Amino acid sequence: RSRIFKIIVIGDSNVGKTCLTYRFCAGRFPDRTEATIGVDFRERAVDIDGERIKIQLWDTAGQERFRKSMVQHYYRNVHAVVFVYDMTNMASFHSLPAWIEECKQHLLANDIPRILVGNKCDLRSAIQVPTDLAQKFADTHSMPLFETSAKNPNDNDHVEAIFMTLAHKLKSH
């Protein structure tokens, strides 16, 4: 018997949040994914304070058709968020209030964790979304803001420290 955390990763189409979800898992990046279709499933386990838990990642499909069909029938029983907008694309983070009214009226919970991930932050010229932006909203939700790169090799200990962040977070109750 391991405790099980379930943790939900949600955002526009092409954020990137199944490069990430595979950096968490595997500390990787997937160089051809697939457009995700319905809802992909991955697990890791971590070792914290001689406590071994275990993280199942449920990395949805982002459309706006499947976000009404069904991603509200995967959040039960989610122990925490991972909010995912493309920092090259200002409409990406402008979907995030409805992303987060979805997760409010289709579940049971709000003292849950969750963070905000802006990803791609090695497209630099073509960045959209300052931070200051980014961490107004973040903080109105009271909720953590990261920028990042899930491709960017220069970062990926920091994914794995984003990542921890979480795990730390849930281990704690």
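Think of the rigid core as the biggest set of C-alphas that the two forms share within 1.5 Å after superposition. Positions refer to the first chain, counted from 1. First, how it differs from the form deposited in another entry.
- Positional change of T131 between these two forms stays under 2 Å at the C-alpha, relative to the superposed core.
- A displacement of less than 2 angstroms separates the C-alpha positions of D47 between these two forms, with the rigid core held in common.
- Once you line up the core between these two forms, the Cα of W58 stays within less than 2 Å of where it was.
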Given for the second form:
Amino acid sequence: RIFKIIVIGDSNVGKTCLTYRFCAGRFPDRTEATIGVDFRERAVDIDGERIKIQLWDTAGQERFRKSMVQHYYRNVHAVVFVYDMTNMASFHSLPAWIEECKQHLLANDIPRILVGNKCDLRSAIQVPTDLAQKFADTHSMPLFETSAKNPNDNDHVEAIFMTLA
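Let's compare: the form deposited in one PDB entry is above, so bring in the form deposited in another entry.
The following holds one chain only.
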């Protein structure tokens, strides 16, 4: 069984790093703005069932994503919205991504979660947890704060995606 999870959010929030961290088990140290359609896969076992989790690493840049959104939303099973904890603007963008999702989803059942990334940059954090939690609550989504680069030692990125499956 294929479980398609799309990862949506502003350019530079770390979507490519999160998806690569989950699928490959390590941080990608060479990344550039994602262009077009990229996805990566990982075979997992949940409760005895072998499942192929397929993470769609969407483009944040308008030029590269504009004609791709119906590919992103084709046969989607879950949605992960990402902001950068060090960039308040990326958090302010979220209502726009959430509305795009609303317009493209048919099934009212599909899980959506909110992820703040780059929590390792403690000194540079701009989005307080309480603010993000209040917003997540308003949209009936759970909130996770994590790091694609460093939080693993806090037991977080794997758990966030696994729990969706």
